[PDB]
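One chain comes next, on its own, written out as structure tokens in the form solved without this ligand.
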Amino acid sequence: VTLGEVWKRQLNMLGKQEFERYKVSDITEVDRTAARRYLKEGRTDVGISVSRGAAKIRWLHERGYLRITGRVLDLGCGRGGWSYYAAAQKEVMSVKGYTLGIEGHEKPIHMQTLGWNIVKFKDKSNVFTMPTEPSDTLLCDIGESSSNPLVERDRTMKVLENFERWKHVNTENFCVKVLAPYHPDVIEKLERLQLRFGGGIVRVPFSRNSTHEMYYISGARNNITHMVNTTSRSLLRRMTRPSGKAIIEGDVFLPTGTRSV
């Protein structure tokens, strides 16, 4: 019924070539060539990011959509690109990363970029059921894509319900993935969270056109419904006239070393 749902139905109708051409049209991409090189070698003394995902939190951080500070929780940390980025920030005290790391799911990668000494990881951890702990900064990049919209809305809702469970009164800063923001249920859940916590929803330009994902962040205020539809219209406009060409940016590179306090 919504414009986003129309986008989803049209995406599921594209052929391979149409799909591949559409998914990169006018998006932004990091050059991952250097990092792939060193990750294959197995080098831990070079200042690369363990994931493509780090580019998203850098963008949000540098643009002022969120502050990164104090005790940091990274829920669904995967390889740990959000965790290592956080640990290199001078206002950051400690970083704790939780992820599944089971069959098919990625595990934490050990790296020695700046502040590695104040990062701790735990796999075999389900953030939906495990006990919560306090934080000043709460991060969550969870939300697996699906061609089924009802699967996407269920995964999204579950992420948002768990975020509310995790958020502490000290948690002034937050960044939560919203996989399928086009669903009316998801809009209603976001509006209700916003009433309590403030903040707003944003589209990160590093997301491919083949996902409608957006991020619920703490450092901006906006109209949820208007922001979701502005992205839907944008994703629809690109589908009609796909450029096939992405913007390339330099990757997330960090210093190495330990940090004091």
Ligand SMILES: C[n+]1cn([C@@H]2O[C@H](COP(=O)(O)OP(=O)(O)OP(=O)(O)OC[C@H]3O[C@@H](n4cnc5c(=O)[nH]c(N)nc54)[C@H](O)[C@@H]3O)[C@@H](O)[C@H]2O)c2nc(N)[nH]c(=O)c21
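If you superpose the two forms and keep the largest set of C-alpha atoms that fall within 1.5 Å, you have the rigid core. Positions refer to the first chain, counted from 1. Compared with the form solved in complex with this ligand:
Once the rigid core is overlaid between these two forms, residue 105 counts among the residues whose Cα shifts by 2 Å or more.
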Contents of the next structure:
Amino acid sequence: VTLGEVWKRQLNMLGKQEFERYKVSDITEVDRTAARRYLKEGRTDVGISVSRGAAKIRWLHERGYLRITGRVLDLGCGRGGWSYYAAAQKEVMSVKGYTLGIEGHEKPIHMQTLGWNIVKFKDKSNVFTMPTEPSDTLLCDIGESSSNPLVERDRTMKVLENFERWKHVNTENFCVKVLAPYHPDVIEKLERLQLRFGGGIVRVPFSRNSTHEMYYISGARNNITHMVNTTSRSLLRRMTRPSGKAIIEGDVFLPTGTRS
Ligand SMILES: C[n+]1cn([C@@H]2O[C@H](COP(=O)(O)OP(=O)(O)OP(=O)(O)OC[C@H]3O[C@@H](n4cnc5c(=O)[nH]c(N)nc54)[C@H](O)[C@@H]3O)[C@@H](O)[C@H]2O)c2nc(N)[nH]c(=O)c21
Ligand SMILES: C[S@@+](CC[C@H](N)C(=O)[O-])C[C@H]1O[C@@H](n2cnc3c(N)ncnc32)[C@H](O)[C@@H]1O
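The form solved in complex with this ligand is what I want next, because the block you gave corresponds to the form solved without this ligand; please supply it.
Time for the whole complex; same chain goes first.
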């Protein structure tokens, strides 16, 4: 029915090699070699990011989609890539990161990058069961992929309901992952949230062609439906004519040390 529904069906039909070629086609990508090399040797002192995910929040911040300010809540922080990026920013006073930590390599990793001493992590935290707390900047990077679009729809709606709960009057800045934005129920929900909170939706170019994820952000106003369909059309175009090639750029590097 929607363009994004056509995209998901066709994606699931792709052959193994077609899939691998398509997923990286014309996407942007950070080179993670330096970070991985330093992490393998346990070098927590060096100015590197713990995850690939940090490239998404840098693009959001640097391109004017998101201000990062005051007390920041990082929901679904995982390793801490968004938390440590935030801690390094001028206007930030503290970061609190919450994550399930269901798997070992998805638990917070301590670093000594700038402002590490103003970050607190709590793993074994379900942000859906816990009471909300005030924030000036609310981040949420939750949404597990599924080949089943109905599963992805439910996951997305669950994340958006909890976001509305966590989103306080209080909260000026926000960035929330919308796993599968193309579902009519998801669009209708985002539209009512936009009436309440403002903002708009953006597609981060570091996302792989194999997911339709977009981000609901405070920093811009735009038409939800127009933005989602434009992404759907881009992803379909890339499928019929796949370059099989990502544009590689430099990773997220950080200053190091404590902040007062
Ligand atoms: C395998 N597969 C999937 N689809 C379809 O594509 C969608 C996206 O999932 P896809 O596996 O990229 O991503 P995830 O489900 O999130 O898994 P995963 O690799 O575990 O990604 C999650 C984790 O990977 C981590 N990650 C980051 N960088 C890398 C990396 O460079 N390599 C790997 N393996 N993981 C990375 C990242 O941090 C994140 O936590 C699925 O829903 C299906 O519709 C397929 N379709 C066809 N036709 N053929 C296929 O073989 C096929
Ligand atoms: C995409 S990862 C976070 C990546 C992170 N922004 C980074 O750059 O390192 C999403 C994380 O959210 C966590 N998560 C999923 N559901 C959650 C829940 N209900 N409460 C807290 N964390 C959750 C997952 O365990 C996963 O590690």
